[PDB]
Each structure stands twice: as C-alpha cells, then as structure tokens.
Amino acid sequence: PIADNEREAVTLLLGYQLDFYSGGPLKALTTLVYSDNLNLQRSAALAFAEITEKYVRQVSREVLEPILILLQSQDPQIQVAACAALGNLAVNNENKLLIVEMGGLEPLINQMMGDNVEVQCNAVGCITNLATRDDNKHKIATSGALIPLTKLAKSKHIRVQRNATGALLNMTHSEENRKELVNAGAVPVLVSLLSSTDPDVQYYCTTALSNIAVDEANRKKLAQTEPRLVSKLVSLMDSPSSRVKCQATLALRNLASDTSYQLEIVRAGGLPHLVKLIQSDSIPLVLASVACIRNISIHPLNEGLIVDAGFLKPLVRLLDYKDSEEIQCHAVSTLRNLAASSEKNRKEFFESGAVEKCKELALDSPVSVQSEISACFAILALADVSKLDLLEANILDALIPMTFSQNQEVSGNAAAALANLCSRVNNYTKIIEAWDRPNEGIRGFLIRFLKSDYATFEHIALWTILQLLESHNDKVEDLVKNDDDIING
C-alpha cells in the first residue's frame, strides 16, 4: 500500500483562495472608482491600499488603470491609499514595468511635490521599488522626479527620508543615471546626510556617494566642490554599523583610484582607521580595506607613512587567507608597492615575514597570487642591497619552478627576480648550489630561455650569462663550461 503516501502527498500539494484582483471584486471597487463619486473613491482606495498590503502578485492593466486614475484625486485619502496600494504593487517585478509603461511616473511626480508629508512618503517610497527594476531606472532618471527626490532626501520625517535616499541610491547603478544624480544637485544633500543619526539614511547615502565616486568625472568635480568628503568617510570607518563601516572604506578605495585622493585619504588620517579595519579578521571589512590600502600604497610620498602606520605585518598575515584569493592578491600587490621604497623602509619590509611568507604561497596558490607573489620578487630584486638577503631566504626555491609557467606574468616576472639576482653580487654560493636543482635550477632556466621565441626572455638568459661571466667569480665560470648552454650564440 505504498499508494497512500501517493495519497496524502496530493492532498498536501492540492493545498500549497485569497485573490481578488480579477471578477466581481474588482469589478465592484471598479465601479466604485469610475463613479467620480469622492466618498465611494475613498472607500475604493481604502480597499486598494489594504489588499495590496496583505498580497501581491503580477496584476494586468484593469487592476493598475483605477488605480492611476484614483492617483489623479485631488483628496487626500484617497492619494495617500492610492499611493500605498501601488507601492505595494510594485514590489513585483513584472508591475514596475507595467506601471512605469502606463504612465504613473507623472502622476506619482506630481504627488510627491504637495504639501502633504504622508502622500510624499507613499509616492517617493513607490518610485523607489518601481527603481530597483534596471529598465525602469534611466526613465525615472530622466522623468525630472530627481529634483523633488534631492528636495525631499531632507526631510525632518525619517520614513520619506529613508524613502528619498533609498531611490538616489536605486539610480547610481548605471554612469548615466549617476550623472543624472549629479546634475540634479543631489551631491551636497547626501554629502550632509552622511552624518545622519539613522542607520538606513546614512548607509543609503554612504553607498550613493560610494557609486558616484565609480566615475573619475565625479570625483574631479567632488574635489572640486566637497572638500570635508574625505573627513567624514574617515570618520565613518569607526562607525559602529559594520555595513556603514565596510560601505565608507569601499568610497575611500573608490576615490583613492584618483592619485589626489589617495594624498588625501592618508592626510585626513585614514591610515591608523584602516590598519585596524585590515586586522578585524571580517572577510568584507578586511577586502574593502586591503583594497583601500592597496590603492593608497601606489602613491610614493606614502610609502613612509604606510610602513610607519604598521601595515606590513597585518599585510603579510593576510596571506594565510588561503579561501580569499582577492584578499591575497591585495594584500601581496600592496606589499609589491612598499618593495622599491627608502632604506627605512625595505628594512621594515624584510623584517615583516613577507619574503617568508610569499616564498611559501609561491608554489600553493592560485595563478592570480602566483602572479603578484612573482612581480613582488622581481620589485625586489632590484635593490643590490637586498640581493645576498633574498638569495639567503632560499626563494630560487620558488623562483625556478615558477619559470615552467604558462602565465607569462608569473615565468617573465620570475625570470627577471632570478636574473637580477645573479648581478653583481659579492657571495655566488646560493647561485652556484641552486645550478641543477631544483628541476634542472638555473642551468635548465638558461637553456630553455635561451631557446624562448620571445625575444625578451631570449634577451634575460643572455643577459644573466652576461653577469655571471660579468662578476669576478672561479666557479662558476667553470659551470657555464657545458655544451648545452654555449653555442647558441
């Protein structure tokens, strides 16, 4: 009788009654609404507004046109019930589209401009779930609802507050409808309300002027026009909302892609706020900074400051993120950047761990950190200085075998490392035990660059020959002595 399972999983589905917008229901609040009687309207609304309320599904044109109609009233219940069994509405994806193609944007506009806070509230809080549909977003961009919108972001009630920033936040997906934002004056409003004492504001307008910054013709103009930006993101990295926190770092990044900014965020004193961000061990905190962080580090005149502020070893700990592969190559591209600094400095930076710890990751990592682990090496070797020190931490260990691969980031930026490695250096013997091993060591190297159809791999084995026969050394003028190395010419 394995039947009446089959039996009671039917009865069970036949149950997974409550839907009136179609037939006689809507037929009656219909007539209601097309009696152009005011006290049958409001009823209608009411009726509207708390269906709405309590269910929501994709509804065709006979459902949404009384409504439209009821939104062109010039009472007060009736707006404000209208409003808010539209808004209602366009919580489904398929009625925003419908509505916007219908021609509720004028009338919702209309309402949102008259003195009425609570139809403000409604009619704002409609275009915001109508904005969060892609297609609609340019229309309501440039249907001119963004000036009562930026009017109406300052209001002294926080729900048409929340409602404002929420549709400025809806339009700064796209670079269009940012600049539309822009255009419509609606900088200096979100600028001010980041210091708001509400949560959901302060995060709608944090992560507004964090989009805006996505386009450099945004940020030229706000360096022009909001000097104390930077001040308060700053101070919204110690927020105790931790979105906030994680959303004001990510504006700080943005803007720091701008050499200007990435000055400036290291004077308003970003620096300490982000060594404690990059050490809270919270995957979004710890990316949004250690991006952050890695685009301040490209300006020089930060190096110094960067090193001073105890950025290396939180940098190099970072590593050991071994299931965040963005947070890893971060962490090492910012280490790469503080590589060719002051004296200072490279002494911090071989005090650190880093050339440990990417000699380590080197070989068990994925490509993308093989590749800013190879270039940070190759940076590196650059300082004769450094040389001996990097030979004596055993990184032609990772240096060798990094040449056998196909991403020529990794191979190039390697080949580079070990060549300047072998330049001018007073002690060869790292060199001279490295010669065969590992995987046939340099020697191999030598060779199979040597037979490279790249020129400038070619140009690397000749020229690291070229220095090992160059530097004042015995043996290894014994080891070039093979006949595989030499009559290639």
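Numbering follows the first chain given and starts at 1. For the two forms, the rigid core is made up of the largest set of C-alpha atoms that agree within 1.5 Å on superposition. Compared with the form deposited in another entry:
- Per-residue Cα shift between these two forms after core alignment stays below 2 Å for all of 342, 259, 195, 408 except 342.
- The Cα position of residue 38 differs by 2 Å or more between these two forms after fitting on the rigid core.
- Residue 11: CA moves 2 Å or more between these two forms after rigid-core fitting.
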Second form
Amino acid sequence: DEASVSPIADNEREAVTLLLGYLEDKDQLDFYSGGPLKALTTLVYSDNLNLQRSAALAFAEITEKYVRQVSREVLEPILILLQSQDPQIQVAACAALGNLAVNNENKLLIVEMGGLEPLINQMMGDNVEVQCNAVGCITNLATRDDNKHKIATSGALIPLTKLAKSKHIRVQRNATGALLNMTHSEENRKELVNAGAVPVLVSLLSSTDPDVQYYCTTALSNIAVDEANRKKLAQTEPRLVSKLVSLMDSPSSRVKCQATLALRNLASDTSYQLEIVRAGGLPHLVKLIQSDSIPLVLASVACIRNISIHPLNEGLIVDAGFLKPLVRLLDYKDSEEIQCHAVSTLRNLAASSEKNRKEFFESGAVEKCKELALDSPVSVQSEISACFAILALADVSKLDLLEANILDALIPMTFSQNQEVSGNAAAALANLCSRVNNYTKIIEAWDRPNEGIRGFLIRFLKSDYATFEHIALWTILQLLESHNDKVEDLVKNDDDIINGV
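Right, the form deposited in one PDB entry is done, so what does the form deposited in another entry look like?
The following holds one chain only.
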C-alpha cells in the first residue's frame, strides 16, 4: 500500500486469513454459504496458483466431510477450478465435485450446469489421479435416471470404454462402475453396446479384482435383459456362457448370484438354453439349489426353470440329479417364488418327454404335489394343476395315479375359482376316467371326497364355459363306454341326464 507491498492483493490476503479462521472451527459455521463461500470464490478467481490450490484443497476436504444440497454459487467456482491446468487442483476439484455428486439434487444441478465436458476432457488427459477422480464423478452422476440419457448422448461412453481398460485398478473400478451404471435403461444399454464396450466387459469377467468382475458381471447381467442384445451377444462374443458358468464358483458370493441371474436372463432364449447345458453349468446349479443362502437358491432355481423349457435338455437335467432337490424346495413355504420356480421346473420336465417318467415318480414329486395341491399360493396351485394335467395323459401311468389316491387332490381343485386350476384338474380327472382297465378307484370316488365325481359332473354340466360343459359330457361318455356294469348303473342317477341338457 504505502508502508509495504506484497505479491498478493489485499482482498485475497483477506480471503486467506478468513479461511484460516474458518478451517479451525468447521463445527460452528456453514461452509456452502456466506463468508466461507465468498472467500473460496475470491481464491478461485485469483492470479496466484498457490491460493487456487488452497481453495481446491479446502473445497475437497469440505465436500469430503459432509454432503448437502448446494446452490449455483457453490458449484461455479469448482467448475472454474476444473478448467485449471494444475494437476493437483484438478484432482481436488474433481474429488469435491464427486463428493457433492453423492447427493441426488446436486447430480442434476451439476450436469445441468455443463460439468460433463470438463469431466470428459479431464478423463482424456493422461494424469492417472485426475482420470480416477473425474471418471468417479461420471460414476456418481450416472446414478440418477434423469442424467444417464444426457450422459450417454454426450460422448462420455468413449473415454469410459477407453479407461475401463486401464492398468491402474482405481481407474478401472470407477470406469467399470460407470459403465455398470449406464445399464439401467434400455436406450442407455443400446448406446453402451454401440460404443463397443461389450468385448471389454466380457474380457473383464476374468478380472481378479472383486469390484471389477462384480461390476462387469452385473453390467452384462443387465444387458442380457434385452432380446436383441442377447442375439447380438450370441453372435459377437461366444465365450460369454463359459465365463459366466465359471463365475458361478467365484470367491465372492454376490458374483455367484449375479452370474447365475445373468445366466437366467440369457436362458430366456433357446440357443442359450442349450449352450448353458453344453458349458456344463448343471453341476454348479445342482450344488446351488441345495444351498443355504436363499438368494443363491432363488437365482439358481429361476435359472433352472428357464433352462428346463427346452425339451432336449430334459434327460441331462434328470441325469444330473435335479428332481429331489427340487421336491425339497417345494417344502420351502416362506418363498412363494422358489415354490413357483421349482414346481414350474417340474412341469417343464414332465411336459417334455414321457421317457424318464419312472424316475420322476420315484422322486416323490407327485405325493409332494398332492400334499401342496390345496395348501399353497394360487401360483403353486396353478403349476401343480398343469403338472397333474400333464401326468394324467400317460395311459400307463393312469392307474398308478388313481392308486396313489390322486382323486382326493383332483376333485377339490375343481372347486377353485381359478380357471387354470379348476380347468386342468377337471381335464386330468376326465382323462383318468378314459379307457382304463380298472374302474375301482373311480367307483370309490363317486361320492367321496367333496361330493365326488357325481358332484363334479353335476356342477360342470351347468358351467357356461363351453369347454367345461364339454369335458363333463366327454367324461360321461368315457364312463358309459367303460364296459363296467357298476359305473354304468352309477350313471342311472338322472340328476345327470335332466341336467345333461
């Protein structure tokens, strides 16, 4: 001024001394407003590199400490620090921006103020720390649904794909994390596929890093949701199935689970329904449905439910010993989904071929089904109903089913208000009465239990469902053409014949 001179302007000395005053009483004072904010702003605008650095470190430590929603004016200076050429300023400023980007509103506010291009150009510089931090920012910003569209259509997927291959593990973690967060919507997945990041992920399923391989597994699992993606992946990278199968035995459990789910998503299509079995995933799954951890059980039984759709797999599936663990899973009462998956699996297995039927029966499947045929959710009831409908079409199995007192389960199910349950149960009952050598159990179940077959016929004759009236009539004719006197005079009751209208 007049007595002395310094290299630093007086407003900035003001700022620095005030800042010193604040940094040792963080408790008491809010930093995203007022005094602290004007200090930091002044220090951002300054000529002096050291003061800028000081501001950046300040911002970084503050944002590290606590995260709240902040105004325009908290963000502008950090965005200006981002424009700096000083490496450590870049580091601190990015870290601060990400710590702020933890909070949801701040994500939208940051992206809307145009932070994307700074972050992107930071990522294309070859200082590793700023790569890690800037990519990290993109990662945290890509967790808001509003943003990921705008992030995708900005060209960030290209440096993300690039940096996902980094020899530095921190960078790779943040990068693959971002790529993962870009797989929550269909169009983001489309954009992600276009950038050619799929071969990178597929390759990085072999990463020894837990975080990286988990992120890539989850990302691929999320991509497999779309059918076009599934086809294109079946064409492009054939090795995927194998790698996922091997990942079903990973050190980390979340990886086993997510990989199993990815295999389910893939198993939605038939080519994969076969190729998973070729890759020898049946052992891992057998081990997994018998496991303790119920998410693994859920994933594995959903997966096997999808795989069992293809008939050609059937034998393999039975020869791998799946039946009794599945029947065991039927006892699980607390998870409706596991029940549904297991019973649906059984339905698939039975519906496919009539060859390993013997093994199916020997598994104790039918008795468990009979046991749950009334005490179970309508879902399970429905699948059990379909299953019975399937089994009652094997002429050689008819008398055995009848002998196992299957009518005691079928007859009440025909009261169910669910079209599938009642319908298929009635069809099964009808086909059990058709052309059997012995009508004993049919006779014994004429009135008992639950009003018996007589009650059944009487009711379904008066249904409006044309098909039901017809299965009633057809049942009657199948009983008349039974060449068994007793039953033919059981039809002498003409409740049936004046209602046979």
